[PDB]
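Keeping the supplied structure of chain Z fixed, place chain R upon it in accordance with the hints.
There are 2 protein chains.
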Amino acid sequence: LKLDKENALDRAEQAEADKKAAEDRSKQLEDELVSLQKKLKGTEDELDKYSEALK
Amino acid sequence: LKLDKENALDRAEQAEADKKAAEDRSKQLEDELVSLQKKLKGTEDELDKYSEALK
Numbered sequence: 004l005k006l007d008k009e010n011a012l013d014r015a016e017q018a019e020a021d022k023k024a025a026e027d028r029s030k031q032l033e034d035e036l037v038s039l040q041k042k043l044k045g046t047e048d049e050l051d052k053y054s055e056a057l058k
Numbered sequence: 004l005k006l007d008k009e010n011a012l013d014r015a016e017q018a019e020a021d022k023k024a025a026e027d028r029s030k031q032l033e034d035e036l037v038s039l040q041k042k043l044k045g046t047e048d049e050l051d052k053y054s055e056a057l058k
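Which chain is which? The protein sequence lines are Z and R, in order.
When we follow my numbering, the leftmost residue of the first sequence carries the number 4, and every step to the right adds one.
When we follow my numbering, the leftmost residue of the second sequence carries the number 4, and every step to the right adds one.
Keep in mind that a hint or two might mislead.
No copy is singled out in the list; a pair is fine if it fits within one copy or between any two copies.
[What the hints assert, rightly or not] With a straight-line cut-off of 20 angstroms between C-alpha atoms, the simulated DMTMM-like cross-links for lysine to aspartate or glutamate are:
| no. | residue 1 | residue 2 |
| --- | --- | --- |
| 1 | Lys58 | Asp7 |
| 2 | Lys52 | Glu19 |
| 3 | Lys58 | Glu26 |
| 4 | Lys44 | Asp34 |
| 5 | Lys41 | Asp13 |
| 6 | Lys8 | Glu19 |
| 7 | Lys44 | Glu33 |
| 8 | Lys8 | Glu26 |
It should be emphasised that the hints constitute simulated quantities derived from the structure, not laboratory data.
Excised from the complex, chain Z in its bound form:
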């Protein structure tokens, strides 16, 4: 207990460092997902440009 505030604070720093790494990945992956979505839509809208040009 007595040193657990410290062990848990350091654990929290590490757990936060890891939730942060996971969260930073979430943000980076969020940026990539969005980039892929913009590119997907680039290609989906393009899919329609060709589909429409095709019909």
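Okay, now just chain R, sitting in the frame of chain Z:
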């Protein structure tokens, strides 16, 4: 005190829970970078199908 460890632990435990959540977000986003990349390529493959059908 037990309360200092409990609070630091709540920070650590919640940070671990947040790591789970952050990891869930980042692993889901990675799965969705795959779904977006896959769907991007779904659309890219289809762009060629329409582009080719178009040409």
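Each hint tested on the structure:
In this assembly of identical chains, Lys58 and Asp7 lie within 20 angstroms of each other by CA distance neither inside one copy nor across copies; the values are 69 angstroms within and 69 angstroms between. For a Cα distance limit of 20 angstroms, the shortest separation of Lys52 from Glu19 qualifies neither inside one copy, at 46 angstroms, nor across copies, at 47 angstroms. Taking the shortest Cα distances, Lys58 and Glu26 never come within 20 angstroms of each other, neither inside one copy (44 angstroms) nor across copies (44 angstroms). Proximity of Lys44 to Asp34 under the C-alpha cut-off of 20 angstroms is found in both arrangements, the shortest distances being 15 angstroms within a copy and 18 angstroms between copies.
In the homo-oligomer, the alpha carbons of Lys41 and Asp13 never lie at most 20 angstroms apart, since the shortest distance is 39 angstroms inside one protomer and 39 angstroms across protomers. Taking the closest pair of Cα atoms, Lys8 and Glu19 come within 20 angstroms of each other both inside a single copy (15 angstroms) and across two copies (16 angstroms). Taking the shortest alpha-carbon separations for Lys44 and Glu33, both the intra-copy value of 16 angstroms and the inter-copy value of 18 angstroms come in at or below 20 angstroms. Taking the closest pair of Cα atoms, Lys8 and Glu26 never come within 20 angstroms of each other, the shortest separation being 24 angstroms inside a single copy and 25 angstroms across copies.
Hint check: violations occur at hints 1, 2, 3, 5 and 8; the rest are consistent with the structure.
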